[PDB]
Amino acid sequence: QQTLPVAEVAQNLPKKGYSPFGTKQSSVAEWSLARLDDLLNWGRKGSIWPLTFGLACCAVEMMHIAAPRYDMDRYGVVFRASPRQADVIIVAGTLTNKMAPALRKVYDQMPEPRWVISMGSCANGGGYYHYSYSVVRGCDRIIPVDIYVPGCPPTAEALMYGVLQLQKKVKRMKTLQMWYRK
Amino acid sequence: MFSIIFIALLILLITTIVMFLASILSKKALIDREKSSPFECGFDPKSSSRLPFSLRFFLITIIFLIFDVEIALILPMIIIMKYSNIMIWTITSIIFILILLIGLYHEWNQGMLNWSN
Amino acid sequence: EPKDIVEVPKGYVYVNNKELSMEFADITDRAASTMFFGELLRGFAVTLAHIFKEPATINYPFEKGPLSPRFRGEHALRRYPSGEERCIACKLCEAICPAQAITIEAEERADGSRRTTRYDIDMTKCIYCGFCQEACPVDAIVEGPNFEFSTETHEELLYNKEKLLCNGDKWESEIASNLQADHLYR
Amino acid sequence: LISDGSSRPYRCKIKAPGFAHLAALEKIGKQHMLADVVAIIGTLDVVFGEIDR
Amino acid sequence: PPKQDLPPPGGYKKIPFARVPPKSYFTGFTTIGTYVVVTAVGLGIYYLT
Amino acid sequence: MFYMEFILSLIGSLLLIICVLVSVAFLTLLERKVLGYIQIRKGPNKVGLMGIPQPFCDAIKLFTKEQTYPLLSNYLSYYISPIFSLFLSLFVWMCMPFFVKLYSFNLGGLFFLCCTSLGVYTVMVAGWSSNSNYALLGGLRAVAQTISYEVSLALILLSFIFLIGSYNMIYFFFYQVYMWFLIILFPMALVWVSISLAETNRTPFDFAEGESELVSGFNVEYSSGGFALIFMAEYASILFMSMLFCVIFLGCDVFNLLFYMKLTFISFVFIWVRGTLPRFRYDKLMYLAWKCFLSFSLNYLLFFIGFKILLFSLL
Ligand code: SF4
Ligand code: SF4
Ligand code: SF4
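Protein chains in written order, with the authors' numbering: chain B, 40 to 221; chain A, 1 to 117; chain I, 32 to 217; chain D, 416 to 468; chain Z, 9 to 57; chain H, 1 to 315.
No lab work stands behind these hints: they were computed from the structure.
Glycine included, each C-beta is placed from N, C-alpha and C at the ideal position.
Keep in mind that the hints are not guaranteed to be accurate.
[Stated by the list, open to error] If you only want the chain B side, here are some residues facing chain I, beta carbon under 7 Å, derived:
hint: 1; residue: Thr91
hint: 2; residue: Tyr187
hint: 3; residue: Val188
[Said to hold, decoys possible] Heads up, simulated BS3-like pairs for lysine-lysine below, C-alpha to C-alpha not over 27 Å straight-line:
hint: 4; chain 1: Z; residue 1: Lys22; chain 2: Z; residue 2: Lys11
hint: 5; chain 1: H; residue 1: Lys33; chain 2: I; residue 2: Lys95
hint: 6; chain 1: I; residue 1: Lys122; chain 2: I; residue 2: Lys49
hint: 7; chain 1: H; residue 1: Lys284; chain 2: D; residue 2: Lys445
hint: 8; chain 1: H; residue 1: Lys33; chain 2: D; residue 2: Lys442
hint: 9; chain 1: B; residue 1: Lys54; chain 2: B; residue 2: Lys144
hint: 10; chain 1: B; residue 1: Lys210; chain 2: B; residue 2: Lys54
hint: 11; chain 1: I; residue 1: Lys49; chain 2: H; residue 2: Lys33
hint: 12; chain 1: B; residue 1: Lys207; chain 2: H; residue 2: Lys33
Produce the entire structure from the sequences given, and follow the hints as far as they go.
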């Protein structure tokens, strides 16, 4: 476990930079590829489009986030209905066996780079129905989950905090910079 | 005109170049059996899904054509009105529109859009 | 007002008994409404107006809240004012936990005290119901107020006693505040 | 709710109004347009969870 | 002072639960007649144009 | 001299193309902001400085996003429709009026009718290429909406055409030189908003793409780059109608900033509808198209034809 620095330590330290990669690149190609990754991540970070799967009980919070108290399009997030145009999927609610193939199908019909947020306990690990004959214990067993938002349901603040955490993950992803090594 | 023609060709070429460019800018992914299925809300598409062609939409579009042609007949009234003889232009045009209304109102009493199916 | 159409007794209100008049002023009113969309104009001007109300978006994460002292969030295992672990492994929290998200194994520390060895919570099975803390006889475990505990990996959610103790240490001040607020009231 | 005398309920059947409200849809929706069907589902206000559980 | 949630002195003013329409600016006669007046003046101005 | 003429004509076309594209892409933000305040939301104010670069951000996402092409061999046919639609939505601009000669384009009204007509083929083949009954229903509903409204659209035009005495759009300016033309044809303006709104498929007439009834209508099976082109095409369309509303009813004062103030207000008005009205039914709209608008337009045709006869009598 680590802890935040103290006031004087902050005073010594410089600006934390903007691109999470930093600005230590050696050669022209390195420095150039650093910027292009930064632009790409900036695009994919600023504009992110959930699919609004929202099966149950959790869905109500998935709507309150769209509501005008913790506005989410403020951050550049919009609910596109069509999975071909949706970039992110907030799986929320329980995943019953009847639904499992449906979720799988919806997921891979969506084009990548696709990130999944598992909202609520029901999706995270099956939640409160974990020992049930009809529920997928978690949603990790159908799809690759990216961010877990604990809660039952998570308070709207918690959900969109997780969204920002996804934005941070979208910010630090290294595709061009490290293709250069590939 | 051909000034218009060339501009359209230029735009279309620039348009296809842009979409051609985006086709290379977007990263590729290994194809998937299921990624290329019709979208049916996440449940397997049924048989061919080709819709029945027993319906009315051609009938509405046929009403379109009748009125679309009739529109053609009345387009030139704007210019000829300054030249044509006024009785003939007056009466001739008036009966066009009058017949249209009567066709319409007679047809409401018919009520053909309120089909049983 | 136009007369009704069904006579109503008390304890009820018919929402359509009002008659649509046939008086000429009444029909011409409705006709003019349709010919110039007065009703749409009323609704149109409403939305124009309601631009001029200030939006209620909290500038999260800078601005944020509000919650209440009873909010049920991150779990924490508290410690006495001396620093000693409050939990005594009475195992009621597990016995009540609706989701059965708690697992406990207790023994005697060398001092001879009744204390836990393993104390586990799965916040992918917990429902944040708070039955655990309502049951614990020494306030050992509490639904701490943190709620931004979001993880990229499922394994990171299964807390054990070390993680839970750390949260208790981290959040002790706030939890102390709430309990001082609610103990005599809960 | 049926109790056998123990501390554990013996059987707990739950009648949610949405159940019957939705069964009638198969008859209510006959011959209406597609847009009408969706609006009918709304006015049913059949929230889920209570229907299947 | 209070030790428990109770209503204040004098109770509470009744909550309003009555619909109330807005100002009804026009009536069928006024609306139509004003429309025709405007059109008639419009015709004259177009004539002069 | 002569080649001076041609060079400038191409520069103006090109210059307009970049502006209209960047405007509509940038206009998308104004929809997101404005609708955000109709609703009590705050709208996008996160990226850049107050969400200004939000639409550039969007384009970067899309072009990076792969092209989840549908079933194996459809590559071209699915890749055609977005081109053939954005092309119409742009190229329709070239007929727009200027005092500063861009073209001597006569029959501009006819050309308007033609371009506004060609939208049907784009949407229909787009749905057909998609090959998904959801997309196919959208296309048919989209086709029916557009085709039905064109009938009323034509006769509505003729009322103005007679009132100006030619098909050359420019004469709208000369006839509006004293008093605006909305105040003469007020009911036509409401009808013309509805017709224009129907053409661009916005709500209340949102059946073509729609939501909550069809997933996205024809758009449902479109990947990124195609989707961006369709989405830009629609907004180029919504702007152009806003321009046409401005040049007809509200002065046609191309060389006066107030004209551009009017452009924004009308395009705003489109949004102002977007966040207010609910959607129509299929049939109720067809009543509204044939049984209501066509009757309306014919009466004014028979009204103004007599008026101009009387006007011609007087002079
Ligand atoms: S995790 Fe909680 S809020 Fe979400 S669906 Fe399950 S019970 Fe409802
Ligand atoms: S109820 Fe409290 S004291 Fe008992 S085992 Fe649980 S945490 Fe420990
Ligand atoms: S909040 Fe409820 S479900 Fe979660 S650990 Fe406590 S008792 Fe169990």
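Here is how each hint holds up against the structure:
Here the hint on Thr91/B is broken, as its CB sits about 20 Å from the closest CB of chain I, past 7 Å. Look at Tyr187/B: its Cβ gets to within about 5 Å of chain I, closer than 7 Å, so that hint holds up. Checking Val188/B against chain I by beta carbon gives a least distance of about 5 Å; that is within 7 Å, so the hint holds. Pair hint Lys22/Z plus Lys11/Z holds up; C-alpha atoms about 25 Å apart against a cutoff of 27 Å.
For the hint pairing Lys33/H with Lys95/I, the CA-to-CA distance comes to about 22 Å; that is within 27 Å, so the pair holds. Taking the CA atoms of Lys122/I and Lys49/I, the gap is about 65 Å. The hint is violated against a cut of 27 Å. For the proposed pair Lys284/H and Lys445/D, the alpha carbon gap of about 19 Å is at most 27 Å, so the pair holds. Distance check on the hinted pair: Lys33/H and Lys442/D sit about 44 Å apart at the alpha-carbon level, beyond 27 Å; violated.
At most 27 Å may separate the alpha-carbon atoms for a hinted pair to count; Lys54/B and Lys144/B exceed this at roughly 45 Å. Simply put, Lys210/B and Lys54/B have alpha-carbon atoms about 18 Å apart, close enough for the 27 Å limit, and the pair holds. With a C-alpha separation of about 42 Å, the suggested pair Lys49/I and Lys33/H falls outside the 27 Å cut-off, and the hint is violated. Of the supplied pair hints, the one linking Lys207/B and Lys33/H holds, its CA atoms being roughly 24 Å apart against a limit of 27 Å.
In summary, the numbered hints that this structure violates are 1, 6, 8, 9, 11.
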